[PDB]
Amino acid sequence: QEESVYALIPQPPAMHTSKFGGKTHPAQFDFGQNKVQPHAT
Amino acid sequence: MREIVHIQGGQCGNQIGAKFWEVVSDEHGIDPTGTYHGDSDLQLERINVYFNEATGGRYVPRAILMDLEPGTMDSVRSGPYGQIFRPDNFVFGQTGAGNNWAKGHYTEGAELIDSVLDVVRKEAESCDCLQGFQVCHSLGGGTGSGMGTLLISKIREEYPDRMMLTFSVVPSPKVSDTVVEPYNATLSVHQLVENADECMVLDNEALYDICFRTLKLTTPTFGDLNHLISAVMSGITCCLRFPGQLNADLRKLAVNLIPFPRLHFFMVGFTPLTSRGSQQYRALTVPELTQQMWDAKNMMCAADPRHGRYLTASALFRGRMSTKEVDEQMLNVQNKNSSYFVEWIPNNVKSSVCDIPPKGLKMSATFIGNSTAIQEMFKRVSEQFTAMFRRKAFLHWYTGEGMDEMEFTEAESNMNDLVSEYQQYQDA
Ligand SMILES: Nc1nc2c(ncn2[C@@H]2O[C@H](COP(=O)(O)OP(=O)(O)O)[C@@H](O)[C@H]2O)c(=O)[nH]1
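As you go down the protein sequences, you meet chains D and E in turn. If you use UniProt numbering, the first sequence corresponds to residues 2 to 13, 20 to 48, in order. Residue numbers are given in UniProt numbering: position 27 of the second sequence equals residue 27, and the series is strictly consecutive.
It is worth saying that the hints were derived from the structure and are not from the lab. Check each hint, because a few of them may be wrong.
As the list claims (entries may be wrong) - Computed beta-carbon distance windows for the label pairs:
1) E:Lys359 with D:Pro45: 21 to 29 Å
2) D:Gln35 with E:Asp118: 27 to 35 Å
3) E:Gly360 with D:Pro45: 25 to 33 Å
4) E:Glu111 with D:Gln35: 40 to 48 Å
5) D:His46 with E:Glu45: 49 to 57 Å
6) D:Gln35 with E:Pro287: 49 to 57 Å
7) D:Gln35 with E:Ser78: 21 to 29 Å
8) E:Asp417 with D:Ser25: 19 to 27 Å
9) E:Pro87 with D:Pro45: 38 to 46 Å
10) D:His46 with E:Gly82: 32 to 40 Å
11) E:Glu405 with D:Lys42: 36 to 44 Å
12) E:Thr107 with D:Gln44: 28 to 36 Å
13) E:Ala254 with D:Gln44: 21 to 29 Å
14) D:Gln44 with E:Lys297: 43 to 51 Å
As the list claims (entries may be wrong) - Here are the simulated DSSO-like pairs of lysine-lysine, each with C-alpha atoms no more than 30 Å apart in a straight line:
15) E:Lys324 with E:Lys359
16) E:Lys324 with E:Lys297
17) E:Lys154 with D:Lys42
18) E:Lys174 with E:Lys379
19) E:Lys252 with D:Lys42
20) E:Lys216 with E:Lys359
21) E:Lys174 with E:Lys154
22) D:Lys42 with E:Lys122
23) E:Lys174 with E:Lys392
To be verified - Sample of chain E residues with no beta-carbon within 10 Å of chain D, all distances over it, derived:
24) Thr35
25) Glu53
26) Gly79
27) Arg86
28) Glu125
29) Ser126
30) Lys174
31) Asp177
32) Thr178
33) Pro287
34) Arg309
Even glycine gets a Cβ: it sits at the ideal position worked out from N, Cα and C.
Chain E on its own, in the form it takes in the complex:
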């Protein structure tokens, strides 16, 4: 019951998809062999949300790795946890993608959709009652941004009732990991405004400072940033996989979050986060977690809460704690700094809780907030897009794949119609 299915499309998706399944595999006490080696029966109770019982008592994931140029898959096929995947759940094409939205969405994408859909349905029926999908993106690239949305446009039409989350990694504000980041952003965002129920936005910039300032790390490898992304993605299903004195399923999280069908761009964080030294200084109490989670640093996205107004918010605590504390805390926050919140919503937070913390900790939290400062990223990018599209730089690459110019202006206007949605509801 409440089965999920996980998609990993792209180089980022295939890589953070590794660390993700590395965390959950530990959380349920299973070894890279695929066998269970935990202690409690509680591990095996809701394991079927992410895995599939096999012969001889194995548990293999239900992920789908799809990517052109299987190079980066040859890595995860050779990592420590590379033995758990079904080799059949690997979709790859012998051609490069070129960091180009077009061929990842029109030419090369269309040659693999026959396989990917034949793959997703092999397990969308292995679920007794499917809860919803869950993907990982890289909006700058061509595989994750072309095949990603192309698959979504297919997912939305055969399974509209179900829910699809999206941990999309957005372009950075200051540095640009790609020169054609704008075109790949808008053309994808336009796809996400119509075919997405929820969509977190994570930026590689904020992940660095959090790994620099708060975590005091010296050399933050991408293996470390994904120990963060994995932490929050695991923090959403704790109500699904584990008991809780106030559970909160995946659906009741959106209903309670997006007031309008378009404003599904959220902002996340994780607590606690301390260096190896400061662990011995600061206590682990509910007022601590809520002090760091509401901060403007733990926001994995590069959007400042102190500029816009929180439409709604969330919090998923994990640990045997006192549910009075969480309720009075989240009330005080809205009470004191009562200008960051809109007024036509009396109480605009939800607060889950779970009897089960992570495997190494005793108390943890997890934050999701739907602010109006998210309009800033779509403003910063809608300026860079219209800057170079005005002179038609790098366009002979896109138009060479049967694209047009209406497929551009449509993408831009549909984004500008979204930036106004985030302005009306900002009454300062």
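So that you can see chain D by itself, here it is in the shape it has in the complex:
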């Protein structure tokens, strides 16, 4: 309504990976055993 025929038609990332990151291995942990074997038990 405002005589704006120019305004009539409008014409116009990887997350990251931490350094600490790592899978827990059965070492550096005093709660459990300290080996990994195929079919021991």
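With the hints as your guide, set chain E with the ligand onto chain D.
Only chain E with the ligand this time, still in chain D's reference frame:
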């Protein structure tokens, strides 16, 4: 800690395995009921190396009895100390073995390995920290020599880091308890050259004379020879089970004994050994024990020290004694008869000691020596093997079990490569 596990495979194994557990059960003051009836707290301190606490305060062994034709097991199931075993730790097959290495290693063996391995692991985890295995053999037979090594080839691959001892009974030099003793020997020895950390060799011949000459026994029953074998097998773990002013664990005994990974064929003895009469004549001092232990009679194997050169040696004394005496004694021996010992080793003995003697004695000893005269047995047997294999006598029995002839020559060459190892290091 330092838990062991004991295997008894064969007729010999199942029988000397009886006397063995008969001795240890007394040594720790436990009755065949399985209850403890000793006096000291010292008995219960390291009992967990051989037993397993149960409900109501019982102690049952951690042995594994494996044998075809459970007949000989029905005996030990009925002996005085037959109530202590877990009935589950009994592995038996309804078929005979035939004093044949093949079927004990290929056909009948392969049908029970599923059970035996499922048995050994039930207790290889009951140990907080497993020390190593321990077996008993009969190299002439088929059960002890076929299933024995077959189980070992399995043991070595799931537990290579740990140690496995072997009190194998070897064939006799003059008499032959079996007509197919050679084939069962080499085919087993070839298995023992690759899959064994330590291997004593005991012969039924030397056990007789020691029971005849030294012990003056009139009728030596096999129950008496195994009161000897039991004596030495108990004499190895005295550092494990009991304190000592110089302890010596099982591992530090091999490291200190075998210079090369193949020369693990030892020679044992036990002292003191006197008749009922001579007990009142000879004193019990450290110079006495070392005089009889170094002798060429107490060698339970039929190999003469005065023919080869001692690579190393050992001694496990038991009793409140003077650790100066043992050291100067074992030094004098190397000093006087200084040709029986190699020269590229300055001092080639170890000397343990323990505060605790046997239950009835005050001072005892135990000997282990790795000589180069052991090559003689493998020479006497490698001749009998190649004698009859050259004409193929009794071979249709072995080949009938899917065996071949390469599995023979491999066994022989691997033995002849071992007899040379014991010759280079014999510089006369
Ligand atoms: N110290 C001792 N050795 C035995 C005894 N019985 C058999 N042996 C040896 O066992 C050897 C035969 O092997 P054996 O175990 O009986 O038959 P296998 O089941 O086929 O292995 C023979 O050389 C016997 O001398 C025993 O009661 N005491």
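Hints and how they fare:
no.: 1; hint: E:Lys359 with D:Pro45: 21 to 29 Å; in the structure: 44 Å, violated
no.: 2; hint: D:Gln35 with E:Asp118: 27 to 35 Å; in the structure: 33 Å, holds
no.: 3; hint: E:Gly360 with D:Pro45: 25 to 33 Å; in the structure: 48 Å, violated
no.: 4; hint: E:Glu111 with D:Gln35: 40 to 48 Å; in the structure: 44 Å, holds
no.: 5; hint: D:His46 with E:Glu45: 49 to 57 Å; in the structure: 35 Å, violated
no.: 6; hint: D:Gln35 with E:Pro287: 49 to 57 Å; in the structure: 54 Å, holds
no.: 7; hint: D:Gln35 with E:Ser78: 21 to 29 Å; in the structure: 54 Å, violated
no.: 8; hint: E:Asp417 with D:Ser25: 19 to 27 Å; in the structure: 57 Å, violated
no.: 9; hint: E:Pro87 with D:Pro45: 38 to 46 Å; in the structure: 31 Å, violated
no.: 10; hint: D:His46 with E:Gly82: 32 to 40 Å; in the structure: 34 Å, holds
no.: 11; hint: E:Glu405 with D:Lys42: 36 to 44 Å; in the structure: 42 Å, holds
no.: 12; hint: E:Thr107 with D:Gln44: 28 to 36 Å; in the structure: 30 Å, holds
no.: 13; hint: E:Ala254 with D:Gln44: 21 to 29 Å; in the structure: 24 Å, holds
no.: 14; hint: D:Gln44 with E:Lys297: 43 to 51 Å; in the structure: 47 Å, holds
no.: 15; hint: E:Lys324 with E:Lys359; in the structure: 25 Å, holds
no.: 16; hint: E:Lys324 with E:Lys297; in the structure: 26 Å, holds
no.: 17; hint: E:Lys154 with D:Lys42; in the structure: 20 Å, holds
no.: 18; hint: E:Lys174 with E:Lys379; in the structure: 14 Å, holds
no.: 19; hint: E:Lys252 with D:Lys42; in the structure: 24 Å, holds
no.: 20; hint: E:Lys216 with E:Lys359; in the structure: 23 Å, holds
no.: 21; hint: E:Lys174 with E:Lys154; in the structure: 33 Å, violated
no.: 22; hint: D:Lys42 with E:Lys122; in the structure: 18 Å, holds
no.: 23; hint: E:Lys174 with E:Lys392; in the structure: 22 Å, holds
no.: 24; hint: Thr35; in the structure: 32 Å, holds
no.: 25; hint: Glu53; in the structure: 22 Å, holds
no.: 26; hint: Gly79; in the structure: 34 Å, holds
no.: 27; hint: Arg86; in the structure: 20 Å, holds
no.: 28; hint: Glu125; in the structure: 7 Å, violated
no.: 29; hint: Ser126; in the structure: 12 Å, holds
no.: 30; hint: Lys174; in the structure: 46 Å, holds
no.: 31; hint: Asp177; in the structure: 39 Å, holds
no.: 32; hint: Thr178; in the structure: 37 Å, holds
no.: 33; hint: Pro287; in the structure: 48 Å, holds
no.: 34; hint: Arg309; in the structure: 42 Å, holds
Hint compliance for this structure: hints 1, 3, 5, 7, 8, 9, 21, 28 are broken, all remaining hints hold.
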